[PDB]
Amino acid sequence: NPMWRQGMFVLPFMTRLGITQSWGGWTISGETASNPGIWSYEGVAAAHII
Amino acid sequence: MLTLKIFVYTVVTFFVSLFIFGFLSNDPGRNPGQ
Amino acid sequence: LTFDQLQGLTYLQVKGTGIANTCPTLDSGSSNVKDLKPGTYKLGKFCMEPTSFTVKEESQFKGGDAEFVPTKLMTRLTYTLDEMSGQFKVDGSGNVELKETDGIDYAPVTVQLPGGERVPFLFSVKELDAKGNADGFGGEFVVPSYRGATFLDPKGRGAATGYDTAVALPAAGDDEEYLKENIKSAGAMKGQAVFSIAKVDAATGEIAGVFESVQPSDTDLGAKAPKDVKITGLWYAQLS
Amino acid sequence: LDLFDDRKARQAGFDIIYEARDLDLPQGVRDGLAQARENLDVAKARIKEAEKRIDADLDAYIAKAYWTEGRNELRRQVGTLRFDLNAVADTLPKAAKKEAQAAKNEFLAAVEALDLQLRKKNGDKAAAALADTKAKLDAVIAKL
Amino acid sequence: XXXXXXXXXXXXXXXXXXXXXXXXXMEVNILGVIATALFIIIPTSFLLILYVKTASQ
Amino acid sequence: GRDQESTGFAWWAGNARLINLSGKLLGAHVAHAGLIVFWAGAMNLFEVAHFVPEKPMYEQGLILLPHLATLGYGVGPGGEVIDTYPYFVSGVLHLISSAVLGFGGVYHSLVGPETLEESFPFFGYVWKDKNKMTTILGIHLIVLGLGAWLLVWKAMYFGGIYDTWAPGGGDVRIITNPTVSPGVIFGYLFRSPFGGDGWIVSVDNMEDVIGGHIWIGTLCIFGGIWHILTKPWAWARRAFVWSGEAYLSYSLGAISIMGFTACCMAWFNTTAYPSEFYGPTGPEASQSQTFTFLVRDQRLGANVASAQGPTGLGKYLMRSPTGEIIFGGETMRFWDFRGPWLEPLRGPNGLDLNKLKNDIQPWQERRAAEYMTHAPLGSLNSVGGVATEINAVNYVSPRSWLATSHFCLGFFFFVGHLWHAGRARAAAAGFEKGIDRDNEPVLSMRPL
Amino acid sequence: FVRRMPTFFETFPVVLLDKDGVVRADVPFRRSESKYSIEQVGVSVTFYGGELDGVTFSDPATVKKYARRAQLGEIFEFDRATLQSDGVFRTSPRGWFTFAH
Amino acid sequence: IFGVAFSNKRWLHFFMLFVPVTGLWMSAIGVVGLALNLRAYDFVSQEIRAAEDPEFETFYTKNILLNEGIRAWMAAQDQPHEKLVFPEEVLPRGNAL
Amino acid sequence: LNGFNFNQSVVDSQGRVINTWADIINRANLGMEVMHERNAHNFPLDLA
Amino acid sequence: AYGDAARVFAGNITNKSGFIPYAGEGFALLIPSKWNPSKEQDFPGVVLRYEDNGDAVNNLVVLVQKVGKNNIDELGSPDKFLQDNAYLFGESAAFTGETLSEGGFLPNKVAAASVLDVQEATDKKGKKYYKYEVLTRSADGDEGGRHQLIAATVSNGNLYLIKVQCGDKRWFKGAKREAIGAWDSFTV
Ligand SMILES: CCCCCCCCCCCCCCCCCC(=O)OC[C@H](CO[C@@H]1O[C@H](CO[C@H]2O[C@H](CO)[C@H](O)[C@H](O)[C@H]2O)[C@H](O)[C@H](O)[C@H]1O)OC(=O)CCCCCCCCCCCCCCCCC
Ligand code: CLA
Ligand code: CLA
Ligand code: CLA
Ligand code: CLA
Ligand SMILES: CC1=C(/C=C/C(C)=C/C=C/C(C)=C/C=C/C=C(C)/C=C/C=C(C)/C=C/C2=C(C)CCCC2(C)C)C(C)(C)CCC1
Ligand SMILES: CC1=C(/C=C/C(C)=C/C=C/C(C)=C\C=C/C=C(C)/C=C/C=C(C)/C=C/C2=C(C)CCCC2(C)C)C(C)(C)CCC1
Ligand code: OEX
Ligand SMILES: [Cl-]
Ligand SMILES: [Cl-]
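These protein sequence lines map, in sequence, to chains G, V, Z, P, R, E, X, B, L and A. So the first sequence is residues 1 to 50, counted in my numbering. So the second sequence is residues 1 to 34, counted in my numbering. So the third sequence is residues 1 to 240, counted in my numbering. So the fourth sequence is residues 1 to 144, counted in my numbering. So the fifth sequence is residues 1 to 57, counted in my numbering. So the sixth sequence is residues 1 to 448, counted in my numbering. So the seventh sequence is residues 1 to 101, counted in my numbering. So the eighth sequence is residues 1 to 97, counted in my numbering. So the ninth sequence is residues 1 to 48, counted in my numbering. So the tenth sequence is residues 1 to 188, counted in my numbering.
I should point out that these hints are in silico values taken from the structure, not numbers from a laboratory. You may find that some hints are simply not true.
[To be verified] To give an idea of the chain B side of the interface with chain L (calculated C-beta under 8 Å), a few residues:
| id | residue |
| --- | --- |
| 1 | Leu-65 |
| 2 | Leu-66 |
| 3 | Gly-69 |
| 4 | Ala-72 |
| 5 | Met-74 |
| 6 | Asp-78 |
| 7 | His-81 |
| 8 | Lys-83 |
| 9 | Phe-86 |
| 10 | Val-90 |
| 11 | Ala-96 |
| 12 | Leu-97 |
[What the hints assert, rightly or not] Covered stretches of chain X, going by a simulated chain Z footprint (3 or more residues, C-beta under 8 Å):
| id | region |
| --- | --- |
| 13 | 18 to 32 |
| 14 | 79 to 89 |
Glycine included, every Cβ here is placed at the ideal spot set by N, Cα and C.
Let the sequences and hints guide you as you build the complete structure.
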């Protein structure tokens, strides 16, 4: 059940440049997150909003 | 978390210091009266 | 802190610091458990301070990994069993039998898995009878239900008290859709623990070491499938 | 309902909590002060038990540096010592009553000085205060 | 009673009918209702705003 | 007196006509002082006359006698009231003193000089005189310091003070080594008001109370001497409105803080407000309930240590969010409570299971049982218990009366700050009587 | 006889009464120390007429189930799958007309 | 101070009349609904959800439990004509208190 | 310091309690009290 | 038109003892004033049931049951008689599951009755009464347990029993006086 099977359009573009971790604690590869920091999927979304 | 606390302490102190020295700056004279 | 160092402090010097949620450290002493006189002892001040909480997660990546993914604690420093007492049996050959009777010996702990899943569990060593050599003596304990039989769910349903149906729906209640949630069970479970005697002080009758415990998590009073929670940490006891 | 036997629970004071909550009874009965004055032997036993705690338990706590336990031992089961000494002292004749009260005040200042040293965690000074406290307590018990 | 619950279904049909023989068509997007409503009202309002502004001068 | 024709103040603002009448204003303040002293004497005699030894102080609706009890008057070991004569003489002494105070207030108001400036330069003053104002401030600051020293003199040299934490049971104890260290004193002043810290409400022994009043007595005397020999500096002269109504608002704000602090003192503190006289605090009763049932259930046969409640938490004992062993249930919120009855059963790690299982004394059980039935819960018509109670018990805790009343007073006196301070600035600037139609300030301002 | 739910109650305790109107059984909320539970009373349900005719139930679980249905009046079978009915009662055209007008 | 202010004094006073009148009239519409028991008593989506997982809790579900207590404990005396004889065990109550 | 409590204020000559509208209000209070925070109390008195 | 003047300036309340005498059929007791006559029949043979206006937990029940005996000792020892009549305190029939999380109770148990007192008190007429005080505690902890004062005696082949149930929070609040008073007043 990858990203491209779920209709995700902007998620691949964040992942293409290096965004792989979420504040939810998961990683796009499936491993566990290690201190995601500001630049997560949620962080990048919040930044474009701000 | 300590970095967060120090950041908040700096921010809280800055605005409180503005408040304190703001009213010590001849505030009673800042009025339209004569 | 050692036990004597802890007693030197006052309640006001310990409150809010986190020392109260720690097991005493056994300094001096020695590692050879043969220093204990072979016989029976009264277990006292038996403490178990976890150092790691991990939860077994089914691997959707196939291969049946079922690895224990690391967690994050949600309930603060309320997770160390303390003041447990019981019986400690030590043989001439080094065989160890630990049987706990009372004390705290249980504490509700909630951790969060990667993904936002809060998995609560009743971290307990109730009725722990561990038998084995001093290197690896382990046993099986009882894991009581996380919620008691009189716990009421947000709709008032419960095992020994409360409604046995979804009163909110006066027509769709008692439907096979809600029958599982309508019926609540408070049966207990069992878990496996392994202990080790790292250090022993025969002069003060104090032993310490590490433990590893694997027990099921909360079943939501029978409304949820449990998970395996592996608890590792240090334990301390005073023989007398 | 499953039935249990708790007849012995009344002994060892099951009703102590229920006696203390009966607003029909005077405050002295509710707080147990009247009962102690009623039977001095009950109060006199508590004085003797208090002496054992000071003369035996306090020494180990100071030597082992268990400061909190030393202070707690000075207030638990000793929390009635002031009342008990007063109750026994009143029964004495007036001529001896002044002597017993004077001796008690010396002991009370001694135990307060001992408690201060345990608060400061001064082991050397606390040991000296305990020796004085034990000596003055025996003087009070002799006069009572 | 589950025997009688399914007895009626295999027997005379249930209520609420349907347009013609069958017109449920649950596959229909249903979101198309919002798409059709928004595509009508939003441009229609835009045109009506300009016309009323123009017609009043 | 005066009238609105010659003053511009209506009768409902009549005392505002005394602002510039020093002599009459002196009489008003001396007369209200006589009223305060009168009430203290009148209520002291009222409470003594209505006092029965069959019941504790907190059951009889007394709020002044507990203050005298804490000063170590007419009380014995354990908080028992042994004599009532000291309460009587205190009431008479205030009642008689109010008479002479009332005469001076009545004299200085009606017969005495209207203004003190011309005839008595020492007492005469004008509000704008920053120097004279600080001298009056300095003098009355010294008499406050002397009052604070009276408390430490009584606690150290005159009988002593009631110590509810005293070893061997609570009793009147002479303080000998008050805590005067700067770290302790500054520790109370600058700790947070939140739970566990409690600001100055958390003072937990009479050594700190007396040591604290030594600092206050010394600061006030030095501050009194300082404010006598000096005058306000340049930064102070440009930061304050120097008028009579402005000085009033400064005190209304300060007195507002004290009212709130007293409200929290009576509700939480168990050292300067012993539960033997003011009754249990809210937290004490909640802790007492779990203690009472733990004792009863242990006797009925139960390992209170491992007893699990319906929620999965400990029914009788659990851990606080920092690790201390505390009583279980909804009393978890009151784990900070520290009382002379529960502290003996509390080790460095929290409650001691061994002490709670083998070494609970009957006086501790009696104390906790009494406290849980005299919880501060009560009604306005003085029906004790929760709102769903029946009219059986006539009881409201003195702490409930003190906390509620002095919060209401504290809040209204905060509105006094807002009112009398906003007017002081407006009156001084000159637009407290309205906007001048000739030159309205907004009209000169550029449009927004 | 099951005491029917009055029209003013969203939820009503289920209580069984005899002919004289005395409570004889109920589904207790507190099951710890009950004195009227249908298990102690041994209540049974027998259906006359309709789909279930002559059928009797003695197991407490089903007796409780129909006792709750009984307090809502006559016991009917409802198809809740065709319209995905939620299960909360709704108003008749009589109720809607009165409210509107 | 507030960002928005009245500039028309006539509009200010009509508003002081419109707010209170419109408020009472809207309430009167709701009571008309309650005459027929057409009440906004519950959110079915949250009640269906709560019946499916015993973990879902909201303040709305906590109020529904409070209403259960009000109805059961009040009905016997508030409605004497109903002749309700609810025994103690059938009244809903939580643990201890 | 709660509101007025008039529960069982009116009693007849033989000691029986004649309920008022306050007692009906009390029964509603009993309903809310026993149902609020179901799993939070272990002891009968709601002191906290 | 009763014609009776109001009791203005009366001075003396008619009944202020707190108990209203009740004369039953073969028995008599002092029912507390603030208790209303209930209309439910909890147990077989209930002939009288009063419950408190405030709390329905506070209630008394008098039970007459034909037993074909003369003295209550023929029904067994005071210990045996109580065990035979354990249905008086209620049952946990509805709850059949197993649980180990009920702190202070035996495994798979949600209720427990603790017998505090047993007494073979004899009446003025020489009537053998088996009086019992028992504190029933439950897992839900309602009222903090229930005090159940029970006094029983057999006359004319009928067992006359009185059970006064009082909630614990009411017991230490003052309801103890009314409960014990009615319990002692019971006379057959
Ligand atoms: C429109 C007008 C509005 C007016 C509002 C007025 C409110 C009144 C309160 C405060 C404001 C007035 C000024 C301070 C008054 C003193 C408040 C105080 O003594 O404070 C403490 C008291 C009492 O505290 C209690 O103190 C107790 C002390 O008891 C301890 O010690 C006792 C004595 O021995 C006993 O032993 C007792 O058993 C033992 O537990 C306990 O520690 C409690 O845990 C603790 O809560 O009240 C408290 O708790 C206060 C809790 C903090 C304040 C509430 C949150 C406000 C937050 C504001 C923004 C955040 C932070 C900035 C704030 C401040 C910045 C400087
Ligand atoms: C020691 C404190 C203090 C002092 C010295 C003054 C002094 C003064 N005030 Mg001020 N005031 C105070 C506190 C104080 N006030 C507080 C706490 C408030 C908030 C409520 C106010 C609100 C206030 C207002 C609104 C006004 C004044 C005014 C005045 C001036 C004339 C007042 C007068 O003539 O009284 C007249 C006395 C009366 C009319 C009697 C009425 C009192 C009330 C209605 C009854 C109170 C009794 C009741 C039992 C209280 C219940 C309290 C309870 C709920 C807690 C005067 C110099 C006036 C002014 O500005 O002058 C320029 C004026 O308009 N004050
Ligand atoms: C603590 C309350 C208090 C006090 C101490 C004062 C004090 C004063 N007020 Mg005032 N006032 C008050 C409350 C108070 N007021 C309230 C609540 C109101 C609102 C109604 C007012 C409204 C008001 C107005 C409108 C005026 C004053 C004025 C005055 C001043 C002179 C009064 C005068 O000379 O006329 C004479 C009054 C009398 C002759 C009445 C005689 C009654 C006597 C004095 C009372 C003695 C009774 C007592 C039991 C006797 C004790 C004797 C002792 C030896 C035992 C004076 C200093 C006047 C002023 O501003 O001065 C310029 C004035 O204009 N007040
Ligand atoms: C109707 C008005 C009213 C009334 C009746 C009361 C009544 C009371 N107040 Mg309150 N108060 C009020 C208004 C009122 N207040 C207002 C408007 C405020 C400002 C908002 C306050 C602020 C306030 C505070 C901050 C406190 C009180 C307190 C008290 C209580 C004790 C009073 C006391 O001892 O003070 C002081 C006593 C004196 C000034 C006289 C004694 C002074 C000397 C120096 C004492 C020395 C004694 C000495 C040691 C004896 C030995 C002598 C020798 C051997 C050395 C009392 C019941 C106290 C309390 O109980 O807290 C809840 C307290 O802390 N009040
Ligand atoms: C009721 C008592 C009282 C009152 C009304 C005043 C009033 C005044 N003082 Mg004074 N003072 C007092 C007591 C008092 N003082 C005492 C007891 C001392 C001895 C410590 C002093 C020492 C003092 C000095 C050295 C000075 C004044 C000055 C002033 C004037 C400036 C006001 C100001 O800006 O303060 C506002 C306060 C601040 C801007 C800082 C806030 C700090 C406060 C205290 C919060 C800190 C809390 C913490 C517990 C304090 C730690 C202190 C430690 C010793 C415990 C003013 C008229 C100034 C002046 O005009 O000289 C003539 C001046 O320089 N005072
Ligand atoms: C200015 C003025 C005012 C006010 C005034 C005042 C406020 C006054 C006060 C006054 C006062 C403040 C007074 C007081 C008095 C007191 C007295 C006169 C006392 C006496 C005593 C006696 C007589 C005795 C008693 C006794 C004893 C000895 C013991 C016990 C018993 C008895 C109690 C019997 C007014 C408002 C009107 C207005 C106008 C102006
Ligand atoms: C006795 C005692 C004690 C204490 C002591 C002390 C020492 C106290 C003090 C205190 C202090 C020492 C202080 C307090 C407070 C202060 C404050 C509260 C401040 C105020 C001020 C202000 C607020 C300001 C104003 C102004 C300025 C100038 C700035 C700007 C603005 C204005 C202008 C307004 C203790 C606890 C130990 C214990 C117990 C008892
Ligand atoms: O948290 Mn909210 O509500 Ca005040 O009471 Mn106690 O706590 Mn709980 O119960 Mn009731
Ligand atoms: Cl609780
Ligand atoms: Cl709630």
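Evaluated hints:
{"no.": "1", "hint": "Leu-65", "verdict": "5 Å, holds"}
{"no.": "2", "hint": "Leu-66", "verdict": "5 Å, holds"}
{"no.": "3", "hint": "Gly-69", "verdict": "3 Å, holds"}
{"no.": "4", "hint": "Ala-72", "verdict": "6 Å, holds"}
{"no.": "5", "hint": "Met-74", "verdict": "5 Å, holds"}
{"no.": "6", "hint": "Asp-78", "verdict": "6 Å, holds"}
{"no.": "7", "hint": "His-81", "verdict": "14 Å, violated"}
{"no.": "8", "hint": "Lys-83", "verdict": "16 Å, violated"}
{"no.": "9", "hint": "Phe-86", "verdict": "12 Å, violated"}
{"no.": "10", "hint": "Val-90", "verdict": "13 Å, violated"}
{"no.": "11", "hint": "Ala-96", "verdict": "4 Å, holds"}
{"no.": "12", "hint": "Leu-97", "verdict": "4 Å, holds"}
{"no.": "13", "hint": "18 to 32", "verdict": "holds (count 5)"}
{"no.": "14", "hint": "79 to 89", "verdict": "holds (count 6)"}
In this structure, the earlier hints numbered 7, 8, 9 and 10 are contradicted, and the remaining ones agree with it.
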